[PDB]
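Q: Here is what each chain is made of, one letter per residue.
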Amino acid sequence: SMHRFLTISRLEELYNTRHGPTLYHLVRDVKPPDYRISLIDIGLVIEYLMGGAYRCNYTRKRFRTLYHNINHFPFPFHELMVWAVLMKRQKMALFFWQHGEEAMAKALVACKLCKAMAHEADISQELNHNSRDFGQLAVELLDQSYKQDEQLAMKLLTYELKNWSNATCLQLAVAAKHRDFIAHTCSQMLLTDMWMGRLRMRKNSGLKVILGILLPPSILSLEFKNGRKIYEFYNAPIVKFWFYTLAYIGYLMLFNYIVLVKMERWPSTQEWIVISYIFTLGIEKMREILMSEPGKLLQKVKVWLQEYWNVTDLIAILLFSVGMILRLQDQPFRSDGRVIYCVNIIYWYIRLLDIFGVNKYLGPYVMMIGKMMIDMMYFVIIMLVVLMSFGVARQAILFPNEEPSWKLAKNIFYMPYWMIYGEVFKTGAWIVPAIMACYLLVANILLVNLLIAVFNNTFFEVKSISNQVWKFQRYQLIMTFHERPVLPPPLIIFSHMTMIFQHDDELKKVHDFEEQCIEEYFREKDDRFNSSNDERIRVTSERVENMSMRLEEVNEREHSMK
Amino acid sequence: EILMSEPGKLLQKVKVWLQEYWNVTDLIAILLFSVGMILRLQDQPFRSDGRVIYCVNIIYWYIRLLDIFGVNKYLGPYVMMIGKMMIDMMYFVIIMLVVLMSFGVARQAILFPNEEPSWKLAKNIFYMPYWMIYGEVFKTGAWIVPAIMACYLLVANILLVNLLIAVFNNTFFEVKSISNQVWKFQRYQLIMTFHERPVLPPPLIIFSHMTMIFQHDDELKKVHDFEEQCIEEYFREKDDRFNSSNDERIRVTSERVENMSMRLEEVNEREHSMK
Ligand SMILES: CC(=O)[C@H]1CC[C@H]2[C@@H]3CC=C4C[C@@H](OS(=O)(=O)O)CC[C@]4(C)[C@H]3CC[C@]12C
Ligand SMILES: CC(=O)[C@H]1CC[C@H]2[C@@H]3CC=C4C[C@@H](OS(=O)(=O)O)CC[C@]4(C)[C@H]3CC[C@]12C
Ligand SMILES: Cc1cc(NC(=O)[C@H](c2ccccc2)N2CCCc3ccccc32)no1
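Residue numbers (PDB author numbering), protein chains in the order written: chain B, 513 to 533, 536 to 545, 550 to 587, 631 to 682, 690 to 794, 861 to 1059, 1085 to 1162, 1187 to 1245; chain C, 922 to 1059, 1085 to 1162, 1187 to 1245.
Some clues are possibly wrong.
[Claimed, not checked] In silico PhoX-like cross-links for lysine-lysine, where the CA-CA straight-line distance does not exceed 25 Å: (1) 994/B to 1122/C; (2) 1085/C to 1044/B; (3) 793/B to 771/B; (4) 715/B to 1192/B.
Derived from the structure by calculation, the hints contain no laboratory data.
Construct all of the structure, not just a fragment, from the sequences and the given hints.
A: Written out as structure tokens, the structure is:
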């Protein structure tokens, strides 16, 4: 009995043993040669590898305190599989996964662990195979469960796991970035149901949401079927998304009207509205960070800072506040400070790109731009190397008598078309500049055509995958907007006030269903493999050889009998 | 044509007849042309205002030839590609605006520090001139910042142009991969459309309507037998082809070998006992 066999001392000895086929180095980095490894350190390194905002049942201070002070793991298979994947023992991990509770959750964790170990660190080989194999197994298990029962598969996809720090399968898949799992039909159906919220409407959803936002009192009553109806309509994430979009458009229009016209000693009403917008957004950001409690206050910001867009937003807010402060510093400083928050507008116009990835037909363009930014960066070096040489040569040939005056960069970088063409059309002094002009003119068009071809190839390569990639971001967007309150950014100031004012048989059935699903998967795999033509041909050949040999031997007996 | 579209009675005949978009557009164009003609004969003040309407109306008639240019083998792919790329251009417009308008507004705000709205800023922001911006490219910071803005705008313009080129190339390739197959379908519609129509041209069918008003089982059994024979032959051929498949034959041979080997092994014991 593994349950009876399992014990703290035995597991510690197993972990600390070196009699077998990167655990030591990784533990040392996370944490002393031949140091006695305990469950606490193993859990700590596990949490390190999983990522931020994660937890492990064994990897906790209370568990460490208990260990320091039955002693049987209720689910030994989980720890055994975690160890097996930790020490890079694949067949044993497969066997353990063959018999275990909540196999899908463990499989996704293994895929996450394999990828994380590969990135931290044969390393390439295991990354390509081990992590991919675990992900494929999870996908196959999901597919079988959906075939057996759609409702039960949907229920299994989302439910709190006490063992794994209460993280659903979807969250683990997203953390592992396994696009295949999310792309499955059941996952997309669940995401669409979540996005539509309580309302079941599925035809002309955008127009219906726009009408509901425009005409609450009349639209909401009818839209509820497709009081409490208005409240549940508001709480849906889609209407929140449209509300935020409209508020952002209004903010953009006010910002355009403010900076573009005039300035006075005291700001106008529109500038006050914009300042209120930014103040409320800052309050919302601070609240969101505050609710990001896991890891305590000190270790909450570190995880929250992973996203780049959030950091850019903070930087933009700081620059806007600095510009506003400088504005109210008399005319000499007002004129100097206006430009800063005039330039600040650029960030807000570009922030819509991160929101333009939601649409099916719009995200490919953003992905292509992101891909081609680096290509343009590299192309710039070649462009400079080619053009600057000829420009410098042409400039040197002309203006034989000259003084630096820090004014040659403009002359070399001018690169005019009409002027060069005219310059194209004693004798040698005229011939050489013509040759230089012709070479520059040819090089310009050569580079232009090269850039065109580069962009075409990059766009084709991006488009070959953008459709598959698009589906992943939907879960992030939906889980992001769903958590956010219902009021727009300028009106959530009251929302915070309301927030402050406010302050087992099914499990057994699911376990049985999972066991049945895995048994059926193994049976189907074995039957399909045994029914393969290649295997059957081999079996027939071996049987024929033995049958022929027996017949030949029997022939001698028949002759002797006669 | 609507009158002869009798099925569904008078009330339910228009509903079906209205499915085609081109017919509705034709009706709209006819109504606008008639309105413009009526306005034309309303003295000079209304004649000058009504002429423009039926001047603009010409655009529809020039574009109606596209629905007739799909017949040709080599001409329909272009129309299909245009129809496909219309939506792509619609989506591209949003990105173009989002990118360009920000820089344009920033540049406009940096310049003209003292200004009044006068409902005349859209032209300034949307001007987007090439030569003027290039000249503007080439105390110190006030000169540096506009140069940076101009350079960014100049780079963005060509980036967007190349992006549009790539998008159009990809869309054209995808359309051309299927246009040849698609073209054949429209021929039946065109043929059954023109066949029903009378012989005179549109301006002369006025007499055609006058002429119209003036005017006002063994084979079945053989066909049934042929169909029955065809379906029987199809089933027979399907069964024969499936049974002749290598995969099926290998399985059959393997099963027979196993049974034959088992019988031989059992017979061996009988032979030994007999001896
Ligand atoms: C590729 C080029 O052609 C560039 C690259 C480096 C540039 C140089 C940088 C340093 C200075 C010092 C300055 O003296 S000063 O009194 O005006 O400050 C005069 C201008 C001068 C000589 C630049 C001339 C142009 C460059 C050679
Ligand atoms: C992105 C932009 O820059 C555009 C978008 C919305 C436009 C504004 C719409 C409303 C009006 C009212 C008008 O007052 S009036 O007496 O002339 O009628 C002056 C012009 C003004 C301020 C426009 C300025 C330009 C915009 C800010
Ligand atoms: C389109 C579109 C824009 C957008 N902008 C926001 O939603 C919101 C915001 C509000 C006012 C000004 C600037 C941005 N902002 C950015 C992204 C999501 C988010 C999350 C928490 C707190 C703020 C915030 N949403 O759709």
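Q: Work down the list of hints and note, for each, if the structure agrees.
A: Hint check:
no., hint, in the structure
1, 994/B to 1122/C, "holds (23 Å)"
2, 1085/C to 1044/B, "holds (18 Å)"
3, 793/B to 771/B, "holds (13 Å)"
4, 715/B to 1192/B, "holds (17 Å)"
Of the numbered hints stated above, none is contradicted by the structure.
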